[PDB]
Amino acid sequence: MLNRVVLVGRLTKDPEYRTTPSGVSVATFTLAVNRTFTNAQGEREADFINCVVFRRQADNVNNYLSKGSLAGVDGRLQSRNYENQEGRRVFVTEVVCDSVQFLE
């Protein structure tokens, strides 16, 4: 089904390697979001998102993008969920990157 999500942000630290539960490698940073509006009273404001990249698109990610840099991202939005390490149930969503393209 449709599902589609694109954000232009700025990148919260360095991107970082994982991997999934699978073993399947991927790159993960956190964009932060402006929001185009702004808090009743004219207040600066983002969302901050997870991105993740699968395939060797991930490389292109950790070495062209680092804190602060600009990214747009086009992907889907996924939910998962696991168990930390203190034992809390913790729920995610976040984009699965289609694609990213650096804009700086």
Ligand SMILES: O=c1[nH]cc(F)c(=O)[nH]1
Contents of the next structure:
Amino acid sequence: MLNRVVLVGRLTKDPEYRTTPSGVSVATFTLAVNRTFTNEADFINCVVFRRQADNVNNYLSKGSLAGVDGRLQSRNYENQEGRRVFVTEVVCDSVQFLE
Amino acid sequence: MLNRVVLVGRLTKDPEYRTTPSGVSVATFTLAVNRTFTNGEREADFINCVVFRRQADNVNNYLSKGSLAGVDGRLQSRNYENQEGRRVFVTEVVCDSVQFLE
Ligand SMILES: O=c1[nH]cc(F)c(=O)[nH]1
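Next up, the form solved in complex with the named molecule. The previous block was the form deposited without the named molecule.
Below is the whole assembly, all chains and molecules, this chain first.
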């Protein structure tokens, strides 16, 4: 079914590397996406698969402007405090490096 | 900045329909959005949506568990403390429009 999300925002921190529970490598970063209206940003976790993870970790850093096109994915997991965390993330088909 | 979400899916439950403390209609539901790829089995994503005003009224009046719907909106994050004292991070789709597809 149709699942498409597009964002332009600035990274809140330097991107990271991580391995999925199944051992697949990804890059992760958080995008601060300023709203168009007035009463503020939204903070959206993004996930890049395969070698695109290397472009993300080398070209972007905290404050970099980026654009993402991808799909929204839900998952959940138990954190270290033994707590069930529910997340909705953008799994990126492409990341555009705007600056 | 650019922030756009489009989804087609089916409601996992009857929408929840209420009037906020500002006086606006509010509707919430979870859209089960099937993935295009397959594992052979095909998995789904479960996206929390919220709609306000006339679109909320329409959602309550026409959508029910299992209904096919299309949403066009924006992705919003927020924070809250639960009664256990834990910070909970919320990501949901705030719908500008809902399309009824059945
Ligand atoms: O962050 C993630 N994105 C997609 C996945 F399939 C997963 O396991 N973890």
